[PDB]
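Have a look below at one chain only, the form deposited in one PDB entry, in structure tokens format.
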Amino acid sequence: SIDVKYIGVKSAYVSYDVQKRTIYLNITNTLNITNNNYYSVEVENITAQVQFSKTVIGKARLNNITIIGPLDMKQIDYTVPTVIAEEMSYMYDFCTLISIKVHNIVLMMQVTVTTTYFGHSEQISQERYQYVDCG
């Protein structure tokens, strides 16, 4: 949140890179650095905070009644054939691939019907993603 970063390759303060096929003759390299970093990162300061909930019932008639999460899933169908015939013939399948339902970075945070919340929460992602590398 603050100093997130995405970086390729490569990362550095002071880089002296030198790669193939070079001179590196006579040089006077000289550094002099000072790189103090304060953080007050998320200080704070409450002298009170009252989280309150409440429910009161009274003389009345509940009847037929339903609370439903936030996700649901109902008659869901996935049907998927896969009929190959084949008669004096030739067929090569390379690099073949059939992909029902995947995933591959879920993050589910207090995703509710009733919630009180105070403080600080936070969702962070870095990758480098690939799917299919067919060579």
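Between two forms, the rigid core is the largest collection of C-alphas that superpose within 1.5 Å. Positions refer to the first chain, counted from 1. What changes on going to the form deposited in another entry:
Rigid-core fit between the two forms: of 48, 60, 108, 98, the one residue whose Cα shifts 2 angstroms or more is 60. In this overlay on the rigid core, residue 76 has a C-alpha that sits 2 Å or more away from its partner position between the two forms. Core-superposed comparison between the two forms: CA of residue 31 displaced by less than 2 Å.
Since the structure above is the form deposited in one PDB entry, I would like to see how the form deposited in another entry looks, so please show that one next.
We keep it simple here and write out only the one chain, dropping partners and molecules.
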């Protein structure tokens, strides 16, 4: 990727910033800019690319149980949170959070058994995050 930036407050190409109790007095302020940008990005000149898949069967006893190609059974982001109590009590408390499963951004680009991929795959996240503020 190109020019992926996180800026907290002030982004500028040029900035004049004259803030507090300040005297700014007779000035000549001349500025001659050339700032041209040329991008040739994610550009391709391919001839004859090929993505191919083939299966062929023959004479055999494949009867009781047969699988051809992959078998997938992953457990991902799998949880069994179990809370067992009796006289669970919350009283007079000010800022109380009970959080058994909580999420923010979730990105899954390609999740598969088989993948044939050609080209470009990009995944970008920019963020500012606060879970609790209770002053």
